[PDB]
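Trainee: Residues per chain are reported as follows:
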Amino acid sequence: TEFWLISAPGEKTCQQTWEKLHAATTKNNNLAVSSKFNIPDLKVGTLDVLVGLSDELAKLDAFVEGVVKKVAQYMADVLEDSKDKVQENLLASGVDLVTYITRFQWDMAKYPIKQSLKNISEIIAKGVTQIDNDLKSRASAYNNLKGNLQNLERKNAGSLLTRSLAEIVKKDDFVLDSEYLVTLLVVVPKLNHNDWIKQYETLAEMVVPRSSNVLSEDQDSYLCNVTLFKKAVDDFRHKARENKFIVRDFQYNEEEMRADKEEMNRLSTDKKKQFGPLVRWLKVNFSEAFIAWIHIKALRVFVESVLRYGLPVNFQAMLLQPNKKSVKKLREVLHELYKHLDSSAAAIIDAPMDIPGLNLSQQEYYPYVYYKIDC
Amino acid sequence: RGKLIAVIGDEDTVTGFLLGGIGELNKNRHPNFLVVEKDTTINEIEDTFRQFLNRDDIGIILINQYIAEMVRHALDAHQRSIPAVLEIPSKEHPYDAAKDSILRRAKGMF
Amino acid sequence: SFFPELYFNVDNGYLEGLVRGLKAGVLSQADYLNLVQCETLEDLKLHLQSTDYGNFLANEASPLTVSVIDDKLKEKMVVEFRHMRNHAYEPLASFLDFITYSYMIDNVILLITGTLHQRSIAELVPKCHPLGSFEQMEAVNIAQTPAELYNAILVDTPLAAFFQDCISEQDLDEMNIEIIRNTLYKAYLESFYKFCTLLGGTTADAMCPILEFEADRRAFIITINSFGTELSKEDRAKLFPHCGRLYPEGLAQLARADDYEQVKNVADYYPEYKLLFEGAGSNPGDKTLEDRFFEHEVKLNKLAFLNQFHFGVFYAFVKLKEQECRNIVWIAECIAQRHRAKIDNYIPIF
Amino acid sequence: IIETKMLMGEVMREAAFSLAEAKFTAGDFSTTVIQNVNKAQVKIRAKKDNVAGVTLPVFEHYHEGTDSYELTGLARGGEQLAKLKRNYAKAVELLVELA
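Those protein sequences? They're chains G, L, d and H, same order as listed. Everything in the first sequence is counted per PDB author numbering, starting at 2 for the first residue and increasing by one. Everything in the second sequence is counted per PDB author numbering, starting at 4 for the first residue and increasing by one. Everything in the third sequence is counted per PDB author numbering, starting at 2 for the first residue and increasing by one. Everything in the fourth sequence is counted per PDB author numbering, starting at 51 for the first residue and increasing by one.
Mixed in with the good hints there might be a few duds.
Unchecked claim - Derived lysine-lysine pairs resembling DSSO-like cross-links, with alpha carbons at most 27 Å apart:
no., chain 1, residue 1, chain 2, residue 2
1, G, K274, G, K156
2, G, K137, H, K140
3, H, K133, G, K137
As the list claims (entries may be wrong) - Here are the simulated distance ranges between beta carbons:
no., chain 1, residue 1, chain 2, residue 2, range
4, G, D355, d, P92, 57 to 65 Å
5, H, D99, L, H76, 30 to 38 Å
6, d, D269, G, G46, 41 to 49 Å
Stated by the list, open to error - With the Cβ distance kept under 8 Å, some of the chain d side facing chain H (calculated, not the full set):
no., residue
7, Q38
8, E179
9, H340
10, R341
Derived from the structure by calculation, the hints contain no laboratory data. The C-beta atom is built at its ideal place from N, Cα and C for all residues, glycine as well.
Build out the structure end to end from the sequences listed, making use of the hints.
Mentor: Right, dumping it as structure tokens:
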């Protein structure tokens with residue numbers, strides 16, 4: 002959803018602007034839902050200071066746009082299994098995001114109104130940058146854990162060569178105290194096993210016939226151990242190639258398999274351990290991040306309103322939601338209404354591209370202060 | 004005014020360091036590096052090493068271990084610090100710690 | 002339909018069969034699994050000696066080097082291709098010459114880079130790729146004069162028609178050699194596409210997709226690589242070949258593109274490129290878009306063999322065996338550097 | 051010095067393997083790199099260090115920005131060659147510390 006903020010520049014008294022923008026407008030037609038944005042009456046600095054804040058809060062808004070919706074992105078990515086109803090998982094407070102925004106007001110308890118817009122914006126920026134680094138660390142940690150589980154999937158994926166043979170191996174069929182007899186595992190495809198019953202008795206000069214047992218049975222492949230003398234293993238290794246198999250050796254990794262089992266279980270339980278805290282942290286932090294976003298929006302509105310309509314302060318802004326396909330008539334009528342509330346003698350018609358210099362125009366212009374929230 | 008970097012090594016290693024940003028052709032159009040092609044013999048290799056060693060702007064010199072071994076009787080004569088020679092590994096032959104020109108000075112390195 | 006079955010085998014039947022015989026020798030997935038498990042380069046030589054390559058490597062010195070293996074594989078490919086070229090006829094001969102023009106377009110860049118740096122062309126000739134070697138003597142004893150080399154190229158080299166995108170030897174001194182290389186390659190690729198369509202029939206229907214993908218991957222990768230360079234959008238747009246399926250408004254949105262996300266947005270409109278971009282994680286440790294494009298190129302070339310009566314099989318064979326040479330080189334590199342962890346990154350062929 | 055030698059023993063191996071990856075994709079660019087030399091991107095400044103009264107020469111690693119090998123991966127090399135450049139920058143930092 003999208004929300005618009007309009008200057009509402011006094012007209013000698015708040016009511017003669019607000020009531021006409023809300024009730025008269027809606028009674029003219031239901032092109033948009035209207036409400037008051039409740040701007041705080043901040044202390045005004047010097048005009049030069051305010052011009053500096055112009056750039057400061059011009060860039061800050063684009064910065065917080067990125068940070069807050071990055072919080073939202075990582076929230077959804079962590080909660081991918083149930084990210085549906087995303088607006089509730091994000092909601093800072095209330096029952097609905099619109100319900101939240103249509104009731105916004107400057108919050109003293111987080112930051113006080115008494116200090117200068119410079120300091121207030123600096124502390125908000127501190128909050129947002131710390132949020133960014135906190136994401137980069139904690140979401141990256143969860144991502145590493147998820148990638149570890151994907152590495153586990155790789156460990157359990159593909160042919161038996163790529164997979165960790167682990168518990169699939171029949172431990173009962175191996176030789177023990179292998180100081181003179183050694184067993185090997187180099188057998189694979191199904192199409193080669195037409196006489197495997199004789200092959201695992203005769204593959205090498207002295208193969209022992211029965212403990213050379215089939216360890217696993219896929220549709221496409223058979224996995225089979227073989228037994229031989231200390232120095233005859235190379236003959237089996239070559240004869241496996243002659244019989245068109247590929248190496249699948251297990252090298253007695255029973256305790257290694259047990260430790261690997263413990264580690265895979267540790268990762269599986271770590272996912273459950275860390276997912277909950279991460280979702281809770283993101284849930285709480287999106288609220289603060291978005292509150293800061295709308296705080297920056299309000300300060301932006303106030304500075305631009307003062308610059309557009311020099312002092313005394315007479316800006317009681319409107320929060321407007323356009324209705325279905327209302328935008329065209331809505332903005333036409335708003336422009337027609339604001340013709341004289343903001344001078345039509347300048348801008349509006351056209352403008353070149355002011356790249357040279359410190360700053361350039363990145364926003365449309367109208368006979369009013371307009372800003373937006375992309376909920 | 005400032006110092007350069009110089010390289011002696013395989014075509015691959017020289018390509019890597021050049022992509023790293025070391026190469027330059029001097030006012031005489033003489034590179035600060037040399038690829039050790041099989042056509043390049045011990046005498047020319049050590050001639051280039053000596054050139055790097057004398058020229059004052061070279062600074063840090065890189066040499067692979069096997070080429071340094073082939074160059075050794077000049078690395079033993081090299082006895083001033085600033086033209087810093089570094090014996091480095093390669094895909095051609097590995098590096099080893101033993102018998103490095105600078106490490107000759109270490110007697111407690113077991 | 003152009004009924005190539007009726008008259009293809011009159012002049013190109015022998016080579017049609019021979020090139021497929023050669024294709025039958027390209028290493029299989031199982032052969033790559035055999036090579037993957039070698040302990041040393043000598044062990045790789047032995048395990049490789051059972052395949053089509055046989056004893057090609059047996060005549061080299063005992064201390065095998067991956068450079069030597071690469072050189073021998075390239076030499077074998079060149080020998081086979083030169084045999085086919087010597088036995089080709091006019092139309093197929095022109096097609097094979099078009100294949101060689103690609104390597105000529107890099108050898109010529111070697112030559113001009115050497116000349117502008119004022120080095121003897123006799124030192125450059127040994128470094129040229131044999132498939133695109135300059136037999137013409139007008140390109141010898143150049144006296145290190147860019148004008149002499151440029152006139153030699155225009156008067157005695159097939160690249161004369163491609164250099165007409167450029168107009169002067171002054172362009173050689175001014176334009177970066179990469180821009181020259183890529184402009185020449187664009188001209189060559191468009192000329193190749195027009196040539197294939199004029200051949201028509203199964204040749205067109207089986208080869209044009211490959212060159213279209215070549216154009217599209219050129220566009221994507223040129224765009225993605227150009228971000229961190231002085232290369233302007235206006236000059237970048239000239240490098241895109243106009244054959245690919247991106248040609249109208251896709252190349253335009255790329256020329257307008259200024260970030261990898263925008264390049265991916267352009268790709269999203271094409272299912273065959275959307276898949277490559279989604280699969281190319283490009284983060285450290287896994288497949289890059291280059292790897293995915295190589296895999297798709299290999300698939301496209303493999304498909305060329307499903308059609309029988311057409312020249313496209315020779316181009317497919319050359320590129321497939323080049324991929325196989327690079328695969329064997331990669332496996333040798335992994336064996337030599339003991340970087341076994343990533344030895345599987347070879348692109349399987351058939 | 052010994053610890054940094056050990057660290058080189060692996061960083062340079064990674065650099066060589068990255069070069070191998072670069073060649074697999076980009077082809078043989080070594081001749082292009084060896085030819086397009088022009089001017090050095092990286093240079094060194096002799097900096098001073100002090101122990102007791104003795105003077106120890108140390109090296110500042112410094113950048114000129116003249117990357118002539120820009121565009122060398124324009125059509126194929128791209129990310130693989132950029133990663134090669136990056137890894138060899140790592141190796142150059144390590145080796146300047148060693149020197």
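Trainee: Confirm or reject each hint.
Mentor: To see whether the hints hold, each was checked on the structure:
1. G/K274 / G/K156: Holds, at roughly 22 Å.
2. G/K137 / H/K140: Distance ~23 Å between G/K137 and H/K140 Cα, so the pair holds.
3. H/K133 / G/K137: Holds, at roughly 22 Å.
4. G/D355 / d/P92: 57 to 65 Å: This hint holds: roughly 59 Å between Cβ atoms.
5. H/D99 / L/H76: 30 to 38 Å: 31 Å, holds
6. d/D269 / G/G46: 41 to 49 Å: 47 Å, holds
7. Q38: With a minimum Cβ separation of about 19 Å from chain H (threshold 8 Å), the hint on d/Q38 is violated.
8. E179: 4 Å, holds
9. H340: 5 Å, holds
10. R341: It is violated, given that the least Cβ distance between d/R341 and chain H is near 11 Å, above 8 Å.
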